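Enquirer: One-letter residues, chain by chain:
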Amino acid sequence: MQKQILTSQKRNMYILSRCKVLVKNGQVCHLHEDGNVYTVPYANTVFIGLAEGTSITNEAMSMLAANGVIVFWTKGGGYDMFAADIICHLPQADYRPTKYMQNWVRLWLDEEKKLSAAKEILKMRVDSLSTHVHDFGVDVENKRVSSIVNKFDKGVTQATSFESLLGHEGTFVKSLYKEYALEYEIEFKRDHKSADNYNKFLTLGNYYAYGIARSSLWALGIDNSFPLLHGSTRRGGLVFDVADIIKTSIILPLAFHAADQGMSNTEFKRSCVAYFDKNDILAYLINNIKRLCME
Amino acid sequence: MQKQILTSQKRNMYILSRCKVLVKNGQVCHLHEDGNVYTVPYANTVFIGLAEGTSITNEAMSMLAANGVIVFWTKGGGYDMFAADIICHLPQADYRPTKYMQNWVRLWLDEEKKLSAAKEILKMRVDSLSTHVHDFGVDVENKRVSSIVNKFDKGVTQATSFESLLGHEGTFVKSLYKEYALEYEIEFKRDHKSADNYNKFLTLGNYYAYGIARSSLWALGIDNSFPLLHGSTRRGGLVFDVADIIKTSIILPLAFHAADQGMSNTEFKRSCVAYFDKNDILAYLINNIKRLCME
Amino acid sequence: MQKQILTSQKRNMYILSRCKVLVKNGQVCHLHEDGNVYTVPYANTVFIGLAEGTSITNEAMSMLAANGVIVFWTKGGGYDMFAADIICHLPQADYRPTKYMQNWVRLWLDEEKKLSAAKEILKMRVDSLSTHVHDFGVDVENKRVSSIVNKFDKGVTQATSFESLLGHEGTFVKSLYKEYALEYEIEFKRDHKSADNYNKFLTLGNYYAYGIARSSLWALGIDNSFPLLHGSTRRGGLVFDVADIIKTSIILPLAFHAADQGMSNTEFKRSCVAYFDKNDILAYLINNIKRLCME
Amino acid sequence: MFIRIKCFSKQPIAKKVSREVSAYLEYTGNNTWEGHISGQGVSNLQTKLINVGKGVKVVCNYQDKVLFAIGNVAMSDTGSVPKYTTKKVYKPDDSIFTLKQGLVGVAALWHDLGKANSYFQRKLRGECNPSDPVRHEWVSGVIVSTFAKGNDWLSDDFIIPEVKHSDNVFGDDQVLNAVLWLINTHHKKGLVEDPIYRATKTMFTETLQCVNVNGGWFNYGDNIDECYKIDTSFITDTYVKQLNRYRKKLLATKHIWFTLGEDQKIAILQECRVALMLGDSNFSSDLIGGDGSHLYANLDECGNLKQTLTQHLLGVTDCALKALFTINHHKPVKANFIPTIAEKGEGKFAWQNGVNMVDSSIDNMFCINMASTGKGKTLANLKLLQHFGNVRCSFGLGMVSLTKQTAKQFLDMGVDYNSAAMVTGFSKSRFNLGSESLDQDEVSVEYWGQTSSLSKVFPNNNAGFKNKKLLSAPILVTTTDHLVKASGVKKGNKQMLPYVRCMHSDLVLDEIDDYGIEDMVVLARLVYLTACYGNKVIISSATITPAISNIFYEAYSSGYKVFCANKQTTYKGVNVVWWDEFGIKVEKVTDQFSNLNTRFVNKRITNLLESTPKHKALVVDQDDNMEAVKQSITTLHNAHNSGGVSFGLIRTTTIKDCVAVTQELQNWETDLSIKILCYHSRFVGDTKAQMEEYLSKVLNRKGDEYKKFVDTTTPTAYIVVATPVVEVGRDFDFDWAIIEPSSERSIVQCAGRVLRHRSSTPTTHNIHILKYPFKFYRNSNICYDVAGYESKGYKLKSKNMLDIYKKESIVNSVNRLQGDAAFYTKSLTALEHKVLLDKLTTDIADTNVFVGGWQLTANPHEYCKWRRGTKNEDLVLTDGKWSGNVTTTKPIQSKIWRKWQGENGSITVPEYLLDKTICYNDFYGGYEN
Amino acid sequence: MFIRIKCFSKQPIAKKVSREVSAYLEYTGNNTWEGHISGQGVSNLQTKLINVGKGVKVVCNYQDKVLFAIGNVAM
DNA sequence: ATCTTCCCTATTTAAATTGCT
DNA sequence: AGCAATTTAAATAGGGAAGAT
Ligand SMILES: [Mn+2]
Ligand SMILES: [Mn+2]
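Protein chains in written order, with the entry's author numbering: chain D, 1 to 295; chain E, 1 to 295; chain d, 1 to 295; chain A, 1 to 929; chain a, 1 to 75.
Wrong hints could be hidden among the right ones.
Ranges of calculated distance between the beta carbons of each label pair, as one might list FRET restraints [said to hold, decoys possible]: (1) a:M1 with E:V37: 25 to 35 Å; (2) A:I605 with d:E185: 17 to 27 Å; (3) a:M1 with D:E52: 49 to 59 Å; (4) A:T908 with E:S271: 58 to 68 Å; (5) D:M294 with A:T908: 29 to 39 Å; (6) E:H134 with A:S696: 55 to 65 Å; (7) D:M294 with A:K408: 44 to 54 Å; (8) D:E52 with E:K278: 55 to 65 Å; (9) D:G35 with E:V37: 21 to 31 Å.
Listed next, the in silico PhoX-like pairs over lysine-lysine satisfying Cα-Cα at most 20 Å (straight line) [unchecked claim]: (10) A:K88 with d:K24; (11) A:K83 with a:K10; (12) a:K65 with d:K24; (13) D:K99 with E:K154.
To give an idea of the chain d side of the interface with chain A (calculated C-beta under 7 Å), a few residues [as the list claims (entries may be wrong)]: (14) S17; (15) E33; (16) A51; (17) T54; (18) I56; (19) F72; (20) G76; (21) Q158; (22) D191; (23) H192; (24) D196; (25) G262.
Read the hints as simulated data drawn from the structure, not as lab findings. We put the beta carbon where it would ideally sit given N, CA and C, even for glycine.
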């Protein structure tokens, strides 16, 4: 049976597109219409997203869920504007460790402890920024980013509600979106439905950080129905709360660099694997959410 | 093939086997083994299951989830589910944990409702024994079995602590084991490591009970980290606590009958799922968890 | 018959050890004494080398020479301080460009012109340091290295005899070798018959720079038998000037880094390929002899 | 961690390994996978790639170094992935392999000629005594010697002549004598009782002529005439042609046999004997079924007649020939490239970059690792092994628990069980309690590993679990007694498994000073045997004595001379790598080892002396050592304590000495709060193990975690009265020690148990050495012989430690490192060095280390006994009820701090103390009362 | 410039294509080569891999962008 | 349906030998 | 000594059928 790899120590992640996923001689493999059967390292896979035109058998889900691979679908509520229901199946056949649910819900029910936990996860945004630096984009130590991080921390320190929190999010994310855009010399309006690369790479990285965040949640047993951020535009649950720790530190710089340096979708996807395994972001989120629940 | 499972009152847990689920002429259908297509009505089903030999496609997944028909992947039989997402209040309009889930959490938290719910789960376990009367098994109305039932009822009602309830639960469970051993002319002592027919048949029947209790806990959105009897460090202890209700009422007589007649494991699986379909055991567990959590 | 690949953009680079070099079925390969046949890419090889227990054949040497691969034999050193004699097969069947040899002769025969070329080639190692800066080891622009290369340039500017050039050559080699020793915190003495890894990595880099220098000289038709720097200690030919232009810039920090990190010789071979390929040190040497010849 | 796995496999063994390797890595096409994975993912991929079946052809590359190579895939010598490999690569004057083939083939067709006598026939049929008067190997030797005396034994027709009883069968012909010794010693070696012969015999034949029938073969001797009347039914087709082809092979190659040296002949004939028992036991293990009757060799489990002697001789021949071929032409399976070793050592491990001063392409290496404790010696040994490439080594360590400690270090740094194999051959019942899931400790016996190709030539496919872990281990972290049997055994085929293990693997012996003198002699015999096949010996001992380091170098030099002249290569010398925590030095040494070794020793001494003195020892003046212990405890508590709480170690010599010191200290009236522990070796399984785990967790002073395992709030004297079990292999840190003197290495080791983890220098004195050992009051003639190198041949003129030791002295390894032979009768250190050079000398003697001529005999395994102890019977406690004359007693309950109870287990009692009751007790184990 | 050639051909068209491309890159193994070569030397390799004959099966990967794919490549 | 095992099915690689230069 | 032609044969891939869930 063995240790079967810790899910923080899995490095492969995939989002398959226009394929039939099946089992051929015990192999998780996706077959395209040209007759090409590409295997998947299912005992090392973090997640397999499924794009439009995809299909998967029962046995492929059976030996992905036995190996702890989270499988989601990018359509349905996957237009990312409402972000209501990205259809995301988890392996709950494995009986998960429970204590992170216990400390998480002790702080959830208590609304003051939920507010404090929300502030910690909002500070994790700037913690992610400082820890994960990029050498092909925005320097974190320049005056604009340091000023807006200081403004974000002094606003989230004196915050009173989740409506006040929703607003601080508006500021951080929107202005980091913008600050990158002005440094990448591009008039940019975030739109999930936009065709430019600066948005299609951003939605691909949104799905990638969705998979990383959901795998980090499921690892600890944490679900999604217990989010820390409640708002009108924050539909989607806890997976987006964990995922937007690493938009502006990881997903957004990689997407902006990709679009500016003319990468293709495949290489942006790979740049995402390289950053998610070189700095070990899954173990980062898993250990940090242990810091979040703790007691 | 096509299989109907009543779960709460009106929604039906559809189980699909040896079929390819896709979208035909704008609505979700599936081609079966006999080459005949079958459609699915969106109104009467909420849970739809994908058993062995089953593949689903992406737009079928999206349109099923947009119609409130939330899909899960299961081993063939419909009560061995390994992959799903979490029930919300609505699948598209919002993302909130179910009332049942929240009620369970609150009940678990305050120590008095947790003790009262532990007493109640054992009350309904004794009810299950009488409710699901078998033919080959011992008489529940027999004087020895009724004496064991009244001993368990007195012991649960007079107890004020959980370790007393664990001792009384073990006494009741192994006393029913002793009664069924007295029926089937054998020295039976419950150990998981034994390779005899009775112990290993009870073990895989208990695994089937864990699967159907996992489906019943998932179908109301109850998470797998809030056990009543078992400790907080027991991984998936709520699955074991809910499966305890039908372990000594359904799994134990079926397993002892199966070891008495000595047939193979797949036909014991078909006997277990036949007993689950005929008497609506999952619906019994669903109503059991509603009456536990609603209080 | 096409452009036959120009020598400055040839990339592959080997020194073959304990293997008989032959041709199978079209390609040049080497067969070790265990049955292993590894192919040599002769169309892109700059040089091959032959260590102890090596044996090349006739048509293999022909396919290297007609393609234009300079081949030497590593052993032959028998003195106590000097890399004595390396035997080197020039591909002269390819008729060479001529006027670069005429320019080298017109500077070689005139004594004041040879001294002038001796001057510029002594500061060529100084600018090699400035251009080719490694990421590890020392920094070139520190106070000690700049002070010693400034003293070297001041002394070689006022030099008027080749024996003064040999003395200043000795102080330069002692200064660099010992400063690298200081950085890597070791005691260093350059003996070619030493078991210490900083020494035989330096002899391996001596062979590598020898091969690079004959490929650079043969690419412009320049013979080794016109040494513009000569002396009792310095008697190797023109290879012991165009080979040790790139000791203290390329090989010696790479040899010290390889002897500090301490894996096998193959990482040093591959690191020499990587740095001679990434910075185009062969084309850099060829272009430097180009701006030497027409001035 | 980024790896790349390539497949060379045929069959669908390029297919059912593809499922597992495609479960963990992405497919780059053309049967090549490449991707990122964790180290535990590498372990899982190894475990489910090897277990999937035989024929897996997998090479893995981490960056550019090879991670692992499944099978005997040649893979990479320089480049990786060859083209076709066909046949006929080198084909040299192999000579000595043809010599070993001819000797093994000629002897193996003659090894069981002596079962044809009528006594062996009625022994197999069962109407006489199953023990023969003369063993059948000697009868076959008599047959071959009589045939050689009559006809020309190399080129003639065979025909077995009329043989009589011969006391000696060894003549002068060197090659015949080799064949005769192979025939006679295919079951057991001859044993020579003669003192003059043991005194003088050195050469090959000149010792072999003294091997008579009375050395074990001649059991009782009343049916000799029936034991030498013989039938000649072996003259068949295939037996005669096999004998003819092997005899002519020997005939053609014996011209290189006379050009060998004595050392060669001994090592080559040892290899021939090992291959001959390998073939004999391999054919005797399996049941062949068919038989041609009228003559028989072996019996089955039912006792029926099977394996007739013609086909038995033919089967033993081919099996021994195949044994020889696979043991002489093996590229053995090595360990994984551990990625947590190859980086830089930081801080106190920064000396481990000395491997970057050693050549990575040396065929031989003799490491003398003189680094101090706590610097990571075994990690540095693994680093030195991995500097030359992939690792294949046998970490032979004393004690079970030290092998457990090195295994736990190997596990938590980088080594999985696919490369490591922890072997302790007793199956101890010491289990870890508290939490099985939250343990993260207790290195166990599974060895997923990889079965080597040498298992097919061993009897009945090696064995079960233990010998598979022995032979097939790339890294074998073992107790040392699974390796010292390689040098040879008395009776049976127990030599072959450690012999074939040490043939293709390096040898790493750590802290060799804790072994006995005969133990160190047989360990240097193992070093010589390991160097005989080009493997590298790493010795790791800080307190090395020049004598020891020298004789281990000379054993390695004789072994490397064997290996150099065996492959017809000129002997350039031994790559000696002196190593400590202050530096390294690699020299090609063929001669003058002594001056270079003493210069490195002096450099290490000067690198130890300018550091602050950590152990200041005062020899007490108080004659009576009981009250000397009292006064020294009071003084070193009043001087050395951590806020009133002090830890003391009373190192005494023997068990009744320990209980005497304990019973005095328990009855000692003082204002000090003495809390007494007994820490000797005579204890029941449970009790002993409990003491160990407690002591390891309370004397750990690298952190302040111990404040919670003892009552440090109240000023208390925590005193541990112990025997030499504390000075070997214990990671203990006492505030101070009171030492009963037995040997100077005991003084240095118990100095190493004081301030082992801290770095604070003592102010006045942290060690109080007793004036006399307690055996002075029992035997004034000799008192230091128990746990010391004093003896009847080496007597101190005075037993006063003012006369034989410095009164004030900084105790370190310097006195043991220096080496003094003069004034050994009135100083302890020079007494130690004297014995070490007078027993481990550069002679062959009979119990010595250069043993030549006697390897042919059973003498080095009888008179030099590994772990030579007393009779030792084992009184066993069964559920609280003792077995023999034990009688449980009650301890004094005055100052006992901790007392663990025991119910199972066993105590090891010498036969001398079996006469009286050992009187086992819960606090202190065995005594005389 | 660091490229990688993958060959998926059949003998003896595999024999001859391995013969031809093994003159340009290091044999990383199992009919797959990887090495450093200039892009106009890459064009030279392309030119005499076309002229070498039919049924030939070569794909390229500069970084991972397919620099040239020869034949109806499966990929 | 999906997937597995096995039997064709022949298509597809590797070795082997041997004149020829 | 490399190679070529050319045989010879071992193995790889695929498709169809049938049996499991
Ligand atoms: Mn025998
Ligand atoms: Mn025999």
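Enquirer: For every hint, state whether the structure bears it out.
Expert: Results of checking the hints against the structure:
The given range of 25 to 35 Å is broken by a:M1 and E:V37, whose C-beta atoms sit roughly 54 Å from each other. Distance hint for A:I605 and d:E185: a CB-CB separation of about 23 Å, consistent with the stated range 17 to 27 Å. With their beta carbons about 36 Å apart, a:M1 and D:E52 fall outside the hinted range of 49 to 59 Å. At about 60 Å, the CB distance of A:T908 to E:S271 agrees with the hint of 58 to 68 Å.
A beta carbon spacing of about 51 Å between D:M294 and A:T908 contradicts the range 29 to 39 Å that was offered as a hint. Range check, E:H134 to A:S696: Cβ separation about 57 Å, and the 55 to 65 Å hint holds. A beta carbon spacing of about 30 Å between D:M294 and A:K408 contradicts the range 44 to 54 Å that was offered as a hint. With their beta carbons about 41 Å apart, D:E52 and E:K278 fall outside the hinted range of 55 to 65 Å.
Look at D:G35 against E:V37: about 26 Å separates their beta carbons, and that is inside 21 to 31 Å. For the suggested pair A:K88 and d:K24, the alpha carbons sit about 16 Å apart, so the restraint of at most 20 Å is met. Proximity of A:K83 to a:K10 is assessed by CA-CA distance (about 16 Å); at most 20 Å being required, the pair is judged to hold. A distance of roughly 32 Å separates the Cα atoms of a:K65 and d:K24; the hinted pair therefore is violated under the 20 Å criterion.
For the hint linking D:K99 to E:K154, the alpha-carbon distance of about 33 Å lies beyond 20 Å, and the restraint is violated. For d:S17, the interface hint holds, the least distance from its beta-carbon to any beta-carbon of chain A being 6 Å, beneath 7 Å. Here the hint on d:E33 is kept, as its CB sits about 6 Å from the closest CB of chain A, short of 7 Å. Residue-level restraint check for d:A51 is violated (minimum Cβ-Cβ distance to chain A is 10 Å; threshold 7 Å).
The criterion of a C-beta within 7 Å of any C-beta in chain A is not met by d:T54, whose closest approach is roughly 11 Å, and the hint is violated. Taking 7 Å as the C-beta contact cut-off toward chain A, the hint placing d:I56 at the interface is violated, the least distance being around 15 Å. With a cut of 7 Å, the hint placing d:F72 at the interface with chain A is violated, because the nearest CB-to-CB distance is about 17 Å. Interface restraint check: d:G76 against chain A, minimum CB-CB distance 19 Å, threshold 7 Å, status violated.
The criterion of a C-beta within 7 Å of any C-beta in chain A is not met by d:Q158, whose closest approach is roughly 41 Å, and the hint is violated. Hint on d:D191 is violated. Least Cβ distance to chain A is approximately 13 Å, over the 7 Å limit. Interface hint at d:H192: violated, since its Cβ lies 14 Å from the closest Cβ of chain A, which is beyond the 7 Å cut-off. For the restraint placing d:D196 at the interface with chain A, the shortest Cβ-Cβ distance is roughly 6 Å, inside the 7 Å limit, so the hint holds.
Of the supplied interface hints, the one on d:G262 holds, with its beta-carbon coming within about 4 Å of a beta-carbon of chain A, less than 7 Å.
In summary, the numbered hints that this structure violates are 1, 3, 5, 7, 8, 12, 13, 16, 17, 18, 19, 20, 21, 22 and 23.
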